[PDB]
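The excerpt is restricted to a subset of chains, each kept in its original location.
Labels for the chains are A and B, by order of writing; each one numbers its residues from 1.
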Amino acid sequence: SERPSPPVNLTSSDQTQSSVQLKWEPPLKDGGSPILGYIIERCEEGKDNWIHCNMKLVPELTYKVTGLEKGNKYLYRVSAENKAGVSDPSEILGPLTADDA
Amino acid sequence: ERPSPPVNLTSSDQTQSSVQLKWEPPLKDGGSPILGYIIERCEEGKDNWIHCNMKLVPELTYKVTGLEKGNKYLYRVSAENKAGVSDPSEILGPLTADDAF
């Protein structure tokens, strides 16, 4: 009937100089319609614009962000989409630095 | 004394007739170990909370069954020790009883 609530508990792992593994939990409210997938966005320091990380909807609760530039800091957020619309983005993750560890 | 509520109640494997719930233990056990958990659900179109499990669930997960296809459900979980039962966790849902994804 309506858009779902935001995904919750966005977290990270496997941070490298060029990628990072994001993980989250599903919305607490689906808005009355099943979740079709998720939209991952990232924002780099030095730019005020949020970029889409996945082209097609991600049906998983995890996603590997790629294309990171070494030494840069990045913010991350993830939204959920159903037939009714797209949720507000989760709470922002980051700044996380693109370094090997 | 009674423990604090369970935290971070989440879901997975939503079907037309069931859903897998998962949570984390209380941050405070009130001075006595947790004996188990009490799972409750509430359907839309009805104002009463129903007990899902008969005996206490000692695990941190539980499969709710007996859902009606297409209906929306709320969920909450409490923790019990020798002293009493905690307040319920944060409410999960509305979640629609449909085969997800």
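As a working rule, a contact is a pair of C-beta atoms (placed from the backbone, for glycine too) under 8 Å apart; a residue touches a chain by one contact, two chains touch by 3 or more.
Oligomeric state of the entire complex in this file, given as copies of the one sequence with 2 shown: 6.
The rule is simple: only the chains that are shown with their structure count from here on.
Centre-to-centre separation of chain A and chain B, using mean CA positions: 27 Å.
If you check the complex, the residues on chain A that touch chain B are 8-9, 25-26, 28-30, 32-37, 59. Per the touch definition, chain B reaches chain A in the complex via residues 8, 10-12, 14, 72, 90-96, 98-101.
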